[PDB]
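The chain that follows stands alone, in the form solved without protoporphyrin IX containing FE, written as structure tokens.
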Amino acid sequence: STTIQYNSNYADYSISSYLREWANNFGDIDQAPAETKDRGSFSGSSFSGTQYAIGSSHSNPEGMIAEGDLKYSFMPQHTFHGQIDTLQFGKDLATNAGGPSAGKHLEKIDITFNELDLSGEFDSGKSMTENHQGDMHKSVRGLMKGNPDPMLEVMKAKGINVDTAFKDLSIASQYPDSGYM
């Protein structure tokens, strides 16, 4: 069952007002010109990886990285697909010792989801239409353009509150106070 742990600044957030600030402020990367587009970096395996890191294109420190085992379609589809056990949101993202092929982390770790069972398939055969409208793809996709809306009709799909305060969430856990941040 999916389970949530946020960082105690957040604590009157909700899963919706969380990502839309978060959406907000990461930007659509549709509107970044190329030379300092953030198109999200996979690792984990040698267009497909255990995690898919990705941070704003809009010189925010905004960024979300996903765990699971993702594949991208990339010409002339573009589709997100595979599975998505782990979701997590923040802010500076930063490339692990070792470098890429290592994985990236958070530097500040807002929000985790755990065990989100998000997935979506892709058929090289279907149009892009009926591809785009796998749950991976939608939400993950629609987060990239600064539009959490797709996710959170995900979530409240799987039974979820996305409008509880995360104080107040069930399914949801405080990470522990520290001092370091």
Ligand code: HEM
The other form holds:
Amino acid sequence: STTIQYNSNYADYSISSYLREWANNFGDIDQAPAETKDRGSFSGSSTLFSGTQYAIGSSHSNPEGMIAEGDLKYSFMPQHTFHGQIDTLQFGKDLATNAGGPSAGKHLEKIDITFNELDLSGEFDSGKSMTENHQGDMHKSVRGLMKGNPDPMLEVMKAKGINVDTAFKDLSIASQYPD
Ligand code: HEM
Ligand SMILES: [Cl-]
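Requested next: the structure of the form solved in complex with protoporphyrin IX containing FE (the form solved without protoporphyrin IX containing FE having been shown above).
All chains and molecules follow, beginning with the one already shown.
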């Protein structure tokens, strides 16, 4: 089952109210100056467009970041589809590069919310249209977030049985990180 750990400072937020605020501070990547644009960084397979970790900070010089872990793949040109399976999704601020450099992964210095066993997946077929491939849950939810829009991620979570309006302290699948 999907479970959540959250920082106590977010006890009164819901998943929806947390992602509203994270997404507006992250900002839309398509609106960002090409000089501060962070498209994200894959690590784990010593390659550029796949790996076991995908980490992305804000393109609008704000501290907000997001990290996904699983079996992660990105088709780049021409359909630009993120697919595979996300097992862990983590939100917070202050995205730092591990001592081994970008190829050794990144970590959030301030961790706000972690989804465990998210089972967020999507498939990619080069023989289909970009619009069909862009219907995969994984793709549309992460892409929405990159664009400052949390609504597709929230729709995915509702369809999985998660109430995105319940406060974290009242959510039966959520545990606070220890003081
Ligand atoms: C290291 C990771 C990534 C890099 C280096 C990267 C790089 C790029 C570049 C250079 C373009 C411009 C393509 C062109 O000029 O033809 C592009 C487009 C695009 N990327 Fe990525 N990208 C990355 C990750 C992702 C992820 C994870 C997603 C989805 C969640 C994504 C979705 C898109 C989309 C949808 C476009 C086309 C713009 C649009 O139709 O909205 N990218 N990417
Ligand atoms: Cl991008």
